[PDB]
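Engineer: If you want the building blocks of each chain, they are given just below.
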Amino acid sequence: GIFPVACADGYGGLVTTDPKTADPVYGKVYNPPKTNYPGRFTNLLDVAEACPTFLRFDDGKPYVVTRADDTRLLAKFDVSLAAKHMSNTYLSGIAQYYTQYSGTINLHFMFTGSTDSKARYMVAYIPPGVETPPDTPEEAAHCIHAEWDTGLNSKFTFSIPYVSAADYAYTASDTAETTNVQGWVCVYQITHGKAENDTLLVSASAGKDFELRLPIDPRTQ
Amino acid sequence: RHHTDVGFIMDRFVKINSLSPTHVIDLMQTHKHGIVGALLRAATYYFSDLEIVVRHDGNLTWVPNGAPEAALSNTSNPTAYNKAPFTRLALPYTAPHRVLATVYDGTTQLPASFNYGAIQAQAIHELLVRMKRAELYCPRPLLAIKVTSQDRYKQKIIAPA
Amino acid sequence: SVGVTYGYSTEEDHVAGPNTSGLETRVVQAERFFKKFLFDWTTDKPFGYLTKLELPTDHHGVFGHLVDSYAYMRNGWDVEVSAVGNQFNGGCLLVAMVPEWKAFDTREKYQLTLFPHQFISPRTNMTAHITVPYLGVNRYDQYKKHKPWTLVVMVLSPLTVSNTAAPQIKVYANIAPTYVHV
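Protein chains in written order, with PDB author numbering: chain 3, 1 to 221; chain 1, 27 to 133, 155 to 208; chain 2, 29 to 210.
Looking at chain 3 on its own, in the form it has when it is part of the complex:
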């Protein structure tokens, strides 16, 4: 009374992604319940919200030179996922192990001069390919721009919408084309009030929308 055998013609590979399980040997041992032990996280995302970052410049010093002079342009830095501006960075550090992604990078700002001093500053987006960096905050305003002064506040956060070609993009970059991927988005300012010295800080963080698809080892393990 044999049951009809159905011998497997050519399947059953010892391949990685399989979810099959196994059998214990010296098994059947309990353990204490590990509820209530603080420090629990489940997603690099949420913990990739509550923390800012610290950018970098050729001065090797995070903070930015901030001169109380008649200059009109502050400084220009790129923003990307693989760029010298954002290497030592928690978002990217998680990222470099990914090829697919969709999410807005976020920012922060911290001030140095005494509260008394008056000031103005103007954030300014730029698309990847305008072929010309704007040379005045009004004609720079065309892309995206905003304001927040010394008045009533010191912290501030701002973002840049996840523009692309299609609803995804490559994390790493190429050696087959030339055009920058995002632009040179940086900030403008109006007449400085007074300072013997100042300083600006900026960061990054994931907010609502940071997304990834995965995985592959890039490294030379």
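In short, the hints are calculated from the structure, not lab data. Using N, Cα and C, we set each Cβ at its ideal position, and we do this for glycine too. Heads up, a few of these hints could be off.
[Stated by the list, open to error] Ranges of calculated distance between the beta carbons of each label pair, as one might list FRET restraints:
(1) 85 (chain 1) x 55 (chain 2): 50 to 60 Å
(2) 207 (chain 1) x 73 (chain 2): 50 to 60 Å
(3) 56 (chain 2) x 75 (chain 1): 37 to 47 Å
(4) 52 (chain 1) x 20 (chain 3): 17 to 27 Å
Based on the hints, put chains 1 and 2 in the right spot on chain 3.
Structural biologist: Frame of chain 3; chains 1 and 2 shown alone:
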């Protein structure tokens, strides 16, 4: 959001260099840039079940922690015999302590507790390890690849012909 | 003020338990404050100037007596940091409760703020306030052979001074073991 739940990322294998007729079973013999150890290091306190896969010859034998190593070959404590070509098992957990960790600052050699164990046979060629249901606690710093040249980065990309 | 900032939770604690707790009950009179020197901080120090302080030191207190009593215990930790200056300066220093300290390295400097933490600047803050709940690989601990907790502060923003400030500035803190069960 349908990733960063480690329960999906930490269910694969990774290589181990060292081998011996008697060999040790612990995570800290990982590689410190293989993606497994990327997150696997990134926290403070973690915990899982265990699964392993071994290609070998002879008679693979294992024992939980806290034993006399001089008391293994004899008396054939739990074990099964030999069979080619593949072999897959899963070990349960033998805590002397209610959670694992990475490093323990005391007056920098690794402690003697955290020990998934040790295997022994007559010919041991290939090892494979696999985490289970793990959880992570008190995350820690992390780095990316270092930057040397000027602009952003450059990297070759595969394309058809 | 900016207020209080807890570590990973804020809640009344368990206080009474089994044979070990019934033997290591919540004694109260082993609790008291004291201050400790942190560092000098003038316009000289460039960025990255790290400094550390292991915990806990000795103390001529009953707490100090039992932490020498050379046996199993447990504890909590409330810290409150501050310093004195004047409104004619600028910059920011970074403060952080430290789980599982290790000797750091250059590149990772830009990372210091996974931990619970606060900022330091003359305008915004004048008094830190943080607390960390217990933990440990065992149910309890015995110090002399380990230290699970230290406390760190390091340079974050360069300091500035004009002709109307004290060209030397000092910084103090507040050590406070709490919720103790011996």
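Engineer: Let me make sure I understand: some of the numbered hints might not hold for this structure. Which ones are they, in numerical order?
Structural biologist: none
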